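Enquirer: Each chain is listed here by its residues.
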Amino acid sequence: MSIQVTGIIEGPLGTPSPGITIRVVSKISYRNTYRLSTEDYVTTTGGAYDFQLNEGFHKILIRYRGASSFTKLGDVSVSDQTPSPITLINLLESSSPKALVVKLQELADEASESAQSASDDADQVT
Amino acid sequence: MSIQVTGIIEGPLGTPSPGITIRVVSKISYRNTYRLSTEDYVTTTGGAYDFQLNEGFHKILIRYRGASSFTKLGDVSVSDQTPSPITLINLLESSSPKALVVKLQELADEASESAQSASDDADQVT
Amino acid sequence: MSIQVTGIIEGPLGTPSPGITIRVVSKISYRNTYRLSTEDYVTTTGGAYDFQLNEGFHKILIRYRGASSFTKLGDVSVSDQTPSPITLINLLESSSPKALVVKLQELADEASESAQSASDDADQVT
Amino acid sequence: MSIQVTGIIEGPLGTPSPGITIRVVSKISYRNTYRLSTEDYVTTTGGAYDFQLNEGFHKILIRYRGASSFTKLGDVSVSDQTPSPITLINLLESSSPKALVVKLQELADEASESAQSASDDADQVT
Amino acid sequence: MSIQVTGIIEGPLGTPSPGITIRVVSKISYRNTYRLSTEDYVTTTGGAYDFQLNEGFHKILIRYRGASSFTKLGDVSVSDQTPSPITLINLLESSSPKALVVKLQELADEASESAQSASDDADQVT
Amino acid sequence: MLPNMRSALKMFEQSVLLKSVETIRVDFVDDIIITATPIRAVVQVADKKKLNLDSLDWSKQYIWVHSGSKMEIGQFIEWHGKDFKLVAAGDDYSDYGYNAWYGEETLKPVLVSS
Amino acid sequence: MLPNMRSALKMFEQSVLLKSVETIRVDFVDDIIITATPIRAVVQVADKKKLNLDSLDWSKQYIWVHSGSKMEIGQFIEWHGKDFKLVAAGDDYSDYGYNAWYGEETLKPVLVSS
Amino acid sequence: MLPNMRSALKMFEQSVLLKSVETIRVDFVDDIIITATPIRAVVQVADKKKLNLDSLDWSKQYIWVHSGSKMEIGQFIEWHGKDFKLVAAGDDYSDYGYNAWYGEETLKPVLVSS
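Residue numbers (the entry's author numbering), protein chains in the order written: chain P3, 1 to 126; chain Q3, 1 to 126; chain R3, 1 to 126; chain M3, 1 to 126; chain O3, 1 to 126; chain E4, 1 to 114; chain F4, 1 to 114; chain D4, 1 to 114.
There may be inaccurate statements among the hints.
[Stated by the list, open to error] Dumping the calculated DMTMM-like pairs for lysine to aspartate or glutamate here, alpha-carbon to alpha-carbon at most 25 Å: (1) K103 (chain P3) <-> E113 (chain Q3); (2) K19 (chain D4) <-> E105 (chain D4); (3) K19 (chain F4) <-> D91 (chain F4); (4) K72 (chain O3) <-> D31 (chain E4); (5) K85 (chain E4) <-> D57 (chain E4); (6) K103 (chain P3) <-> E13 (chain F4); (7) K85 (chain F4) <-> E72 (chain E4); (8) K85 (chain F4) <-> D47 (chain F4); (9) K82 (chain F4) <-> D75 (chain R3); (10) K72 (chain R3) <-> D30 (chain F4); (11) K10 (chain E4) <-> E104 (chain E4); (12) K72 (chain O3) <-> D50 (chain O3); (13) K59 (chain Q3) <-> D95 (chain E4); (14) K19 (chain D4) <-> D57 (chain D4); (15) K108 (chain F4) <-> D75 (chain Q3); (16) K19 (chain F4) <-> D30 (chain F4); (17) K70 (chain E4) <-> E13 (chain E4); (18) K82 (chain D4) <-> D27 (chain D4); (19) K98 (chain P3) <-> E72 (chain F4); (20) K48 (chain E4) <-> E105 (chain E4); (21) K19 (chain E4) <-> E93 (chain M3); (22) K49 (chain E4) <-> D27 (chain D4); (23) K98 (chain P3) <-> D27 (chain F4); (24) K50 (chain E4) <-> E105 (chain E4); (25) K49 (chain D4) <-> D31 (chain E4); (26) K103 (chain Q3) <-> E106 (chain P3); (27) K98 (chain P3) <-> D75 (chain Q3); (28) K103 (chain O3) <-> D121 (chain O3); (29) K85 (chain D4) <-> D57 (chain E4); (30) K70 (chain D4) <-> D27 (chain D4); (31) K10 (chain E4) <-> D57 (chain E4).
Think of the hints as simulated: they come from the structure by calculation, not from any bench.
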């Protein structure tokens, strides 16, 4: 399902920030979402961001209290199964092309090692 | 014989938007239609669209209510023997290169399922 | 399963000549680099093509009988996820990217099925 | 004879367009027609174009409802015998230098194969 | 049939000198590339020329008797469609284009007659 | 509102033919159909036409046209007696309503129809 | 107070797409994700687009954009039908409120998403 | 209405002879008839006439004439004592009512009739 992200944006000094303007824009023609489709969200009091993010490939931009340009934090990619209750940081670290590929490599090596261990154990029992 | 498209244009945050206009311009002249034969269709309430499209080849562009220009949504090569009750997303995707990253995510997904199968099998044998 | 691409030669492919011929050269990585295997297909009346296709890297060429040379329709990578009843003009749009190396990591599924085979071979001894 | 063309101009959305200004201009000194000889035709209601065009070598331009420049569809060539009741699309696809030459090549190969088959059958009967 | 070009040497060809001489070199594609065959013709009084001409590629040169060299009148490709009673200045205007290869494809007619010759040869046996 | 030099181009106009070549080839034999249109323009000299030195001296007149109609490189422009290839120092203020190009007289005779 | 040409840039604006490439590689195989944004700008021609000579003639249109948004070199700008690499003669009056760049049409087709 | 600098050329006029050569040859032996006409013009210096260095120093005066009459390259112009070959930096505002050329003094004596 379309996952929901929820966290509390915190400045480096333990003070939340209420007036954050987050922009999510997709850039893949994906089910029920279009290329270069933009959308905004403003965090409520306490500096807490919560929204259901439709899935696909979405780059995320920050604007703090007052900012000329928009800071680019990264580009998440959300699929059908992906942890529902998640902060945005663990979304971006765990979903980005470099991180996605490197996670895939990690997983493939893990699976290969598991397979070899299982095969060796089967040989030992046989 | 002509194909029809019905769907809902969900915003990237799972929020619909009743202001987008979708334009298609003929790629190359084909029966009953000519090169550069533009046409635009406004979206309806609830972010839904339901419109008839002729067979042929067409650049498809869209523009959002707050947008200024059109965004290059893609190009589609529609003909007969394509399903008539088809949404716009699936038509684009069926007649466009699959996005790199969605393929990468699907790969990571099947990889994760395989790895979990291997690990649980190792647990079971042990 | 192996795919079956069919349709009516239209649009940029040319007029529906009742004698048009196509040619697919498949790059099957045989031992060291690969082997190229050619196959020429012809068309029935009305410019109709209908032919099955194996999976892998295929380069499609088009030309008319009695013409002077081919025309580069282009490359394509038929994978285990492309639609079966598809037209040729549509498939030409899904050209081969360089995701093949990420695709190689689909061996995780093979590793898992090998692990499960080892498990369900080992266990029966009791 | 001087052939006549009937068709219904259709925008990609099933909505005909009445106010199309089609510009046919000739660039060959051909019987009863001169080089660079221009003329216009405006489509009637229902988006249906019909006109008798004198034969020769005529390039055709379109202007939609409002357009700065003229869009070039191509250049038909009509001879003494050429199908009388024809749409303009099948006129341009079947009559243009590239298409004309390639049709000639197609025809030459067809006739050559027919001749070879006839000769071989005559040999078989003799 | 073979043509007969005649007229009065005049205009850019020069004054009607009653000794003027012309020279045609024919490029008859003999075995590997071709053979050039020369022939020099002179003129009666008043600068009058009158001479038959075979078909094919002919390069025409002009000069006066006792002059120092020729003058390049130019090439020409006399085909089975050029008018018979024509002047030389007029024919020089119908120079050889590179349509010759397309003219090769006239062999289809030959093909057909061969086919017919086969047909009306086979049937008599009864 | 993008400025539009178009109205500032009409006074200086001149009739001129704009052609383009769409080469056709079979078995690698060159034929060239032509596309000619009567287009508006304005002409000034572009590089003061000099006499270069070689085995034989040669000279090609330079003109640089403006027009409200788009002009691709692979097109010729005939205004008096010899077409000019639209080769150099061209610039497209298409969004500003016109475009310009230098021109090279193709010493070949003018492409009427071929 | 630093002068700010920004307000003197709005009138001449035009919509345009600004993309950047962040190449990704594994085992030395090239893939390229894209980042595209709709940005404000203004376009003029930069070097009057000529026809160079080589084994085959080639030509790349030059545009030189201004915008209030920052534009790094390794970025492309598409305005009509072909993106331009932001390569040359660029200058950043960022503290003065805008920046400019020349542009090189990458004769490759436009990077939609890859 | 094309602007016409013609009236802006009369005041500065000067009498001058405009000749052209139409070479004639038999058995590859050079003879040259001449065609000379008294034409209107105006003369300024074109390249400040310097002294080049070689085995022997040489110098050719440069003049650049305007006239309402057409002036092809292969023509000479004599104004004082030595004809000038109309070689360089010439430009034809013929549609604007005049044309101009640089000039090269042919250190040969002036072609009277040959």
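Enquirer: Keeping to a limit of 25 Å between CA atoms, is the pair of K82 (chain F4) and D75 (chain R3) held or broken?
Expert: Roughly 23 Å between the alpha carbons, so the hint for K82 (chain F4) and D75 (chain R3) holds.
Enquirer: Below or equal to 25 Å on CA atoms is what counts here, so check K19 (chain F4) against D91 (chain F4).
Expert: Measuring from Cα to Cα gives roughly 18 Å; hence the hint holds.
Enquirer: Hey, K85 (chain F4) versus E72 (chain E4), does the alpha-carbon distance stay inside 25 Å?
Expert: Holds: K85 (chain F4) and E72 (chain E4) sit about 21 Å apart, inside 25 Å.
Enquirer: Check whether the Cα positions of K98 (chain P3) and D27 (chain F4) lie no farther apart than 25 Å.
Expert: Holds, at roughly 13 Å.
Enquirer: Compare the distance between the alpha carbons of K19 (chain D4) and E105 (chain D4) with 25 Å, and conclude whether the hinted pair is satisfied.
Expert: Roughly 13 Å separates the two Cα atoms, so the pair holds.
Enquirer: Holds or violated: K85 (chain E4) with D57 (chain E4), Cα cutoff 25 Å?
Expert: holds (20 Å)
Enquirer: Against the 25 Å threshold, does the CA-CA distance of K82 (chain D4) and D27 (chain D4) hold or violate the hint?
Expert: Since the Cα atoms of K82 (chain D4) and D27 (chain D4) sit roughly 31 Å apart, the hinted pair is violated (cutoff 25 Å).
Enquirer: Please verify whether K103 (chain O3) and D121 (chain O3) have alpha carbons no more than 25 Å apart.
Expert: violated (28 Å)
Enquirer: Taking 25 Å as the top limit, are the C-alpha atoms of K72 (chain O3) and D31 (chain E4) close enough?
Expert: holds (24 Å)
Enquirer: Is the straight-line distance between the alpha-carbon of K85 (chain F4) and that of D47 (chain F4) 25 Å or less?
Expert: The hint holds at about 14 Å.
Enquirer: Would you mind confirming whether the straight-line C-alpha gap from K72 (chain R3) to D30 (chain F4) stays at or under 25 Å?
Expert: holds (24 Å)
Enquirer: Can you confirm whether the C-alpha distance between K19 (chain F4) and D30 (chain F4) stays at or below 25 Å?
Expert: Holds. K19 (chain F4) to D30 (chain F4) sits at ~18 Å (cutoff 25 Å).
The structure shown violates the earlier hints numbered 6, 14, 18, 22, 25, 27, 28, 30 and 31.
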